[PDB]
Amino acid sequence: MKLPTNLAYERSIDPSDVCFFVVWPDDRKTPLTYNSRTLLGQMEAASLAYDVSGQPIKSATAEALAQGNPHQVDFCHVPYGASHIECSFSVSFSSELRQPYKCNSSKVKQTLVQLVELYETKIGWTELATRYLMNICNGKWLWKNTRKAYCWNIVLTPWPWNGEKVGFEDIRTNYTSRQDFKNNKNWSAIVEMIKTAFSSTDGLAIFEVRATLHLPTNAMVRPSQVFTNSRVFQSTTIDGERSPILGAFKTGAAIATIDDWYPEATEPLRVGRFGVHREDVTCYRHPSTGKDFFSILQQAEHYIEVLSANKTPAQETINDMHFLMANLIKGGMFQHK
Amino acid sequence: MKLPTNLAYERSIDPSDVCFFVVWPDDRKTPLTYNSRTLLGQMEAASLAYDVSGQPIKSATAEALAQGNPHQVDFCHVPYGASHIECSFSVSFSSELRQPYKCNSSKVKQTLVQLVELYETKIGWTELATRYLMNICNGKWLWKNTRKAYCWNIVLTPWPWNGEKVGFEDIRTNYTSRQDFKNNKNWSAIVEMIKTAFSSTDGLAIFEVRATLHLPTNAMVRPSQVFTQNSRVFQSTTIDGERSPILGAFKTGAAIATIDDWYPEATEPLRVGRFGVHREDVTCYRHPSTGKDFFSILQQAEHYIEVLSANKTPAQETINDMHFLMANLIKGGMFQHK
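One line per chain: the protein sequences are A and B, in this order.
Sequential numbering of the first sequence, starting at -19, is according to the working numbering.
Sequential numbering of the second sequence, starting at 3, is according to the working numbering.
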């Protein structure tokens, strides 16, 4: 199947910025603040003592290499008498994946629409909705702040909902595997919200998520930081103060670390075309593998006879279908030429 | 009938820009603001890994394709402790479709003048004025902001009016179909303004429209954006000393006039225009080969006068051609040639 000259979708998951608060004892809240401060380190660079080839430069003597290298960073920490930290944002799950946002070819629109209806019927939305929601219900969107913490707690507030807010107390102890989430009192009622949101022409499903981090005394917080003072935080205005925030696009990248179907999978990757790993600077699912999104999107006509048959599909060629569906929930421009 | 060398009308519906405000608890209002910020995404384009034909380009190895692509967007969101968002603008309905603004042919001016008087008598202005007024009274002019919201409300303030402002509370629940709008306490009195505006040589009918959006916590708002490295650049005005996003006047008028569901295989209503286009799937319904574009219906305008001046009920097929004929005169435009 050819790529058209116009093909684009909208995203089906819409997160927001994360706001950081300081809860004091006797329960008053205050927005967390930060300050820039200059520091002074050693002169480690391997470019100040060596050249490009690798022999020692003769200008950097032992006295000139112990001189003092001043830097300037932003610095954010928990105040002294504080109790814990609130972190609050919101997610929507809203059915944009059913038909393309823009598509000049009517044949490609019919083919893309059938796939979503075939996938919904033959495979179902249970596997993807479980994998997105297990990144909300633990501290995956709290990136490094989860690390080096006593405990953290997640409280959900789903909107088309009756009552009794959903709580996930003491992660790192109680919510480790997939089965620990399914043992919650109301887990099948929240998974079937995301399934109803994807399976309907107007599905809505808003969540209000709020966390509670119990850090050590006077400890660090790690917010997101700007693209360009060497470490500059991203910030908004709460009341009249500046306050560090976790970026909206940073938060959506944490909900979508699902991709563990690339051919030698150990660690789940953030969902993308030719899905990259930023730990080791490589692309798993390179176009030479044949298992990027554009080599699977061309096999969309072949995947229709697999799903419209009656034999259960091979697990190997439904991992290609989970990756096809996860890139349409992600959205993007799919043009060419 | 041939097209004259000069034919043009004025528009009969005049919207304005939509201004956004932030309402705080204790009911103080502040204009909504935005900022630009740079982000860092992956290197997805399909022109960075593939060539025009379809084989993989060989300069894009696995390391060079995992490198990092910085962009820059405008970013507008609801503040943290905010309650909701006001959205206010105004529409007028002003009878410019009664006569041509400019027409050098007196036979064509007479034919056009007769059609509006026979449409008004035989068919009436109830069908068009109900379709325009529904797009004001729900959040159609709030394009994507209606999506992903808790609820929204519309309050009308019509000008040649006695009192008691007209309210439409909790759309997506209370106002879904045509009959839900008709069950309002004063819906007929506002439809009979737009009818009286069209049915008169000096019809005026001003509406002051104000909305109230209950978004989630810290949520996104989607304003209109300029027709221009910044990737997303919003349209803006100045309220007090602060830039603030708008949702433009041309954009607002395109939302009131998404009415055209008379094209030959109609599913979704289109924006009213000549050879009515659909920008979702980039095609023209009502193409000149269909025979149901607006310049093929002008050439049968002498034919439509014998149908409307008979006594037999007009066929639905040839009065859905009259609704599209009337909706393009309310839209206005140069109708010349050559």
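Rather than coming from a laboratory, the hints here were simulated on the basis of the structure.
Using N, Cα and C, we set each Cβ at its ideal position, and we do this for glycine too.
One thing to keep in mind: the hints can contain errors.
Claimed, not checked - Within a straight-line C-alpha distance of at most 27 Å, the following computed DSS-like cross-link-like pairs (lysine-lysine) qualify: (1) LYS230/A x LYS150/B; (2) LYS162/A x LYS145/A; (3) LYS317/A x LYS150/B; (4) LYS82/A x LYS146/B; (5) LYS89/A x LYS102/A.
Claimed, not checked - Computed beta-carbon distance windows for the label pairs: (6) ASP28/B x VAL93/A: 30 to 40 Å; (7) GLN74/B x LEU20/A: 26 to 36 Å; (8) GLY147/A x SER18/B: 39 to 49 Å.
Hint by hint, work out which the structure violates, then give me just those numbers in ascending order.
The structure breaks hints 3, 6; every other hint is satisfied.
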